[PDB]
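Only one structure is covered here, and it is reproduced in the block below.
Only a single protein chain was left out; the remaining protein chains are all shown in position.
Chain IDs A, B, C, D, E, F and G follow the sequence of writing; residue 1 opens each chain.
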Amino acid sequence: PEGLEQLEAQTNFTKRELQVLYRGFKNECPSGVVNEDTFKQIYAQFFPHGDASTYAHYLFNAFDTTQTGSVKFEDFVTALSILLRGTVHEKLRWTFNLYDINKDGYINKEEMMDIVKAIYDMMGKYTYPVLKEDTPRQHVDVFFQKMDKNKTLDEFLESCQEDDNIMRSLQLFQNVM
Amino acid sequence: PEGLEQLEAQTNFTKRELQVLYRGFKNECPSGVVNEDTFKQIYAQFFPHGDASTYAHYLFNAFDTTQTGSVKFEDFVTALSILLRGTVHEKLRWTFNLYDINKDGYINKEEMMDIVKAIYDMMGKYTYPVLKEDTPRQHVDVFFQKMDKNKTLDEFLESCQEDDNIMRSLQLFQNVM
Amino acid sequence: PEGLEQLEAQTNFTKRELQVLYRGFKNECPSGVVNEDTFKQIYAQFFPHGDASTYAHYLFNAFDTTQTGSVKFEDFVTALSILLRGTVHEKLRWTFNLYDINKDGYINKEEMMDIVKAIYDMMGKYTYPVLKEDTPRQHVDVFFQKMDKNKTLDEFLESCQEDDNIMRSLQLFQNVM
Amino acid sequence: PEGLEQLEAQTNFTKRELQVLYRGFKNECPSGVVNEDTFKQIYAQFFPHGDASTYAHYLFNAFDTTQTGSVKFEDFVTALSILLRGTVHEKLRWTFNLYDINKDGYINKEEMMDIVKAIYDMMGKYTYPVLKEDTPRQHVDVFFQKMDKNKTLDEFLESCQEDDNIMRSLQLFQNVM
Amino acid sequence: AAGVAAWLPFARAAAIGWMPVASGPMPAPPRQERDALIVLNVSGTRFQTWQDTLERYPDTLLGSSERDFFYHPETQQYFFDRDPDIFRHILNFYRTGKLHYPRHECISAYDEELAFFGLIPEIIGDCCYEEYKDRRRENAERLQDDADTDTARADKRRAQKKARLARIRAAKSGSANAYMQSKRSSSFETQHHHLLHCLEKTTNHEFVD
Amino acid sequence: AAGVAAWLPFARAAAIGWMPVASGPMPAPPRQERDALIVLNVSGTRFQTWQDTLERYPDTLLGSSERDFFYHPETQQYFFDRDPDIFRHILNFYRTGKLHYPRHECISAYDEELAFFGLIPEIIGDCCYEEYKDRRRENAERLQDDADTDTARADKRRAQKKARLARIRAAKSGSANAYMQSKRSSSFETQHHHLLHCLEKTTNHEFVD
Amino acid sequence: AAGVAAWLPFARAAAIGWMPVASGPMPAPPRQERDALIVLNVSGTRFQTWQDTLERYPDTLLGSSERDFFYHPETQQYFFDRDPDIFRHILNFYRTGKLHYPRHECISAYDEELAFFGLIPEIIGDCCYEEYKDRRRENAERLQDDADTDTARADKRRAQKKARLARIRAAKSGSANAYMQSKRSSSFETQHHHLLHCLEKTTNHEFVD
Partner (left out) sequence: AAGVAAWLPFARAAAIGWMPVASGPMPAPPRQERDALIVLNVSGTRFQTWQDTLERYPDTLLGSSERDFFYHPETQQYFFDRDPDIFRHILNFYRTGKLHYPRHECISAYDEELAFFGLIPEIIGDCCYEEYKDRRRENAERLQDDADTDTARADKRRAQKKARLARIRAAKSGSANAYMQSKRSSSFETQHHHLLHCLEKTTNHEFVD
């Protein structure tokens, strides 16, 4: 919480970028810390078709390291840097921990049922295929068909690195902000 | 409605002139559109001897193309440019449409009875000849004596171009604003 | 009432001096004209020992040419210029008209009884000689002993010009403001 | 009370230092004079463990020359200059008069009983030795063991100048402000 | 929405979670261009705000191509000729999103600035909206009482309306008399009198006292 | 009128309709001369307005040759020594045409600025004119109670009037004592004492304690 | 404490009295480093204060390393995008130590600035604290009435809450329609629509009207 401490010192933001981020952050939550409710209020504005509160809950849990209850500016900025301008390894670990709802690191097709369910539910009901009750399960099943060999973190890393398409989609936003 | 769109792009006003016109226009009607009532309020201030509301009604109808109900800034400015700094042909068509009250373009000595009546009525009753009930009819009759050959737009154009005095009076205000 | 009209154009004040005088004048009377009451309010502040209202009345009457009722800025400034930086002839005429209470120009030892009475009364009653009831009459008598030959304007002018002491006392304030 | 009068003219403060001191002084007491109560309010803030009001009373009495009742800025600044950047002789006389409660200059082990009592009492009761009821008396006794030969100002001066440790402790604060 | 626009890097970082469970289609990022604070000089008082702050509400005067009409180029600032102590609440709206109502400002002048700058009385915050509605109601009642059409507290209102009409008539008569005096023997007055002369001499009639 | 002066090109364009039905007499347009915004520094606070905005009401201080008295040349600005937060309403009048009354400003100071700048309490807008009249009535009642001539809530008013008279007498006595002290042994004080000396020694009398 | 910091030379001078009755231990003075006034530009209005004035309360935004986030370097000033007429009371707190409450300012905006700058409603002075509490109570009652959860003076509050919800729904529908129009054929709008496209095409689904 200094401005120079979170400079290009394992944080991928410059001084001006840090200043802009702090101005925007304190504009919404002047207290310097943002909680789950306000997290959802900002997140739901970008996706007005449906409700993103279900996904914003898991997103906040991923952001809120150590389950403090409210996420401050320092860890918020380091999470943003890891996700946007971070390396492959950090991004993949962050996504794995986002999917990993419980404490220990495991994925069992029920922990991430809610993740895909929220990703589909944050679109409302206005899409062309009119969705379906079983389409998130189909998406999860086809997802497990490319990494789950027998029944982990190493598997997730190697599966992501094997296919170049997710590789080139992860780095979409590092060039522009 | 851009400022550069209505620049010297068939609009005879410069950037500074456009800025001054918009400042003055929005000073009176901040909404950016002016209606018939406000039209009359500004018009009647320049002629305090009588009431110019009768003439301001036809003037607004001429300004309000397509009979929308309220005239915005873009068509207001293009009408001002046509009248002040426009060419002969545009000015004559604008005046003809001002006299032409109905939809189709005709003049029958009854449509413009009201025009001359309003022009005379916007002086009040304080003139030296004390006016008369039949003097607008005499003015209309002497007007028809120079263009109405048998019983139109082409006739109006050719009559205006034949006499150089109306020609030199039309361009009175293009030199000064 | 222009600022350039009352410039060094028979008014002995410069542009900056006129600006300062107008600022000070409008500070007390914002209306631009000062009446007898306000005249007395400013005049009595300079002489707190007694009351200068009696003398301020005659002073205002001298300032208020044509007996309008309230003296404006233009004649106020020209009177100030005449008194302070004017010539001998103008100062002497102004003083003579100040003493000359009535319309026609005469001094009869009763018109200026009030002038000397007010000059003595604007000191209160705290002086060393404790004044006297008959001392203004003695002052007027000794004044008449040097100009009144037999029983006028020419006499006043010649008497003032004959004695150099009043001459050198009149121009006391032209050097400093 | 001029700013230049109390400049480096037997006052050891520069113009900027004087300006800073006056700003800080008038920030707390805008009237320009500070009394005993406000004196104690500022003094007790620096030592929150106990109460410094007892010592602040004697300090104010030392500051308040001639027992006026309230100490103004000029004598406040000269006292500060004497104490901080003054010479040895002035500092020692000021301290002697601070200890000398009564009018005549004497120290009798009862006048300065209160001084040491207040110095110990402005620490509260939280120290490691938990203090004692008789420790101020022991401090006074050991103090008198080095200057009181038989039973004064000359004795105080010579005792202070004989021991170099109090000498080097007196000028502690002249280097830094 | 555009109100939370400084959280766009936040939304982009959140979107990273979709990539593992996605099928990368090359979604073609827009590749934007790339922020100095701009000045809004509302009659002497300058108000400095970032352009991105104004652009987050692109349906009003300040966030639009409309403010290019009020750009004064050689000083490199936007000069508005409006109230300096009410444009403050316009900027406060642009910063947060909720308008505030000054309890000490006339509501007929507060509404004028809202109409000028494109804001509407529907977006004013709930914190101060009961009092805004109450004062608007009082103003509307004043207007209705003043416009009861009695031509043939309300009594003094009718009296002041008659006085205002008399003042308007006196101003019209004074303008006519000034034109008459000019014909017998300012800047805008000359052009107005030229217009009156044109009206006179297009109908071969002359104005007289 | 001169209030709607920015609509002069509008009126000139409207006048084109008369030309077809006219008999061109060569109405002789005035051929005017041809607009930078000017500064009005009312005691530190600068107010920038176009000169044409001020010139549209040429019967007050701001639109006149009178403001040439307050022009401070080397800074190229008009410096007034008036209230900075009340001249705002003067400019707001010059922009629209209706004065607004501050509910938070003393009416004895609001009237002072109106008297100074040439405006009148008759042109203040109807939106805030009942309260202006009410506060003027309260001020007038205060003045009348303070000037009831009781020489021989109103009781404390008489008490404060007596206290003010005592303070005025004390100030007069202090000025006399200061002059006495100067005779026994500031900038304006020296000239005032010179005037008192002149008054003393023109009547061969001396002031004593 | 740090509030009375300009009296540090006073305390050091007072400490001289301890030296005669002391046993000089060489207490090792810290030997500090050695004061130009700094500028705080709160949206156009600059506020000049000494840095030592701000540093005397090192637990808020202004006295901290936190204001280094708001330092705008090339102009050598701190630019805050906050209310210019409420930061005045922040500085007045930093000068004396007691906050003052504006009777004319909305309490939902006054609390916003206090939350932003780190101050708390517990340090506001006793002089104006009954009215601050009263207005906070009124605001809390308004919030409670607005949040009574009636889903199935308070009646109009429920009506305006329903109107606000309808406006929010209309804004959401308008944003969706704008995205649809963009797909069929601003600055932030392009990136927001890119995000929506990414959400669409990560689930091989398309938004339709």
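Definition applied: contacts are C-beta pairs under 8 Å (C-beta built on N, C-alpha and C of every residue); 3 or more make two chains touch, one makes a residue touch a chain.
Visitor: Which is it among G:88, G:161 or G:183 that touches the chain not included here?
Guide: G:88
Visitor: Specify the residue from the set F:151, F:185 or F:204 that touches the hidden chain.
Guide: Candidates F:151, F:185 or F:204; residue touching the omitted chain: F:204.
Visitor: Considering the complete complex, identify which of F:55, F:68, F:85 or F:130 is in touch with the unshown chain.
Guide: In the full complex, the listed residue that touches the missing chain is F:85.
Visitor: With respect to the chain omitted from the figure, which of C:7, C:153 or C:170 is a touching residue?
Guide: Candidates C:7, C:153 or C:170; residue touching the omitted chain: C:170.
Visitor: For subunit D, which residues lie in contact with the unshown chain of the complex?
Guide: 1-4, 18-19, 22-23, 26-27, 30-31, 46-49, 119-120, 122-123, 126-129, 131, 139, 172, 176
Visitor: Using the document's contact rule, name the residues of subunit F that touch the chain not shown here.
Guide: That gives, for subunit F, the contact residues 41, 43-45, 72, 79, 81-85, 104, 106-109, 112, 139, 142, 146, 153, 160, 164, 167, 171, 175, 186-192, 194-195, 197-199, 201-204.
Visitor: What subunit C residues would touch the chain not displayed?
Guide: So the residues of subunit C touching the missing chain come out as 20-21, 23-25, 27-28, 42-43, 45-46, 48, 59, 62, 79-80, 83-84, 91-92, 94-95, 98-99, 112, 115-116, 119, 139, 143, 156, 160, 165-166, 168-170, 172-173, 175-177.
Here is the rule we use: only the chains that are shown with their structure count from here on.
Visitor: Sharing over half of the contact pairs with B-E by residue number is what counts; pick that pair out of B-F, A-E or C-F.
Guide: C-F
Visitor: Report the inter-chain centroid distance for subunit A and subunit C in whole angstrom, where each centroid is the mean of the CA atoms.
Guide: Each chain reduced to its C-alpha mean, subunit A and subunit C end up 91 Å apart.
Visitor: Suppose each chain is reduced to the average of its Cα coordinates; what separation in Å results between subunit E and subunit G?
Guide: A distance of 28 Å separates the two centres.
Visitor: Mind pulling the residue numbers of subunit B that touch at least two other chains?
Guide: As it turns out, subunit B has residues touching two or more other chains at 23, 27, 46, 48, 119, 139, 172, 176.
Visitor: Identify all positions of subunit E at which a residue touches two or more other chains, and write them in rising order.
Guide: Answer for subunit E, listing residues that touch two or more other chains: 1, 8, 11-12, 15, 18-19, 21-23, 25, 27, 29-30, 32, 45, 81, 95-96, 104, 112, 171, 175, 191-192, 195, 198-199, 202-203.
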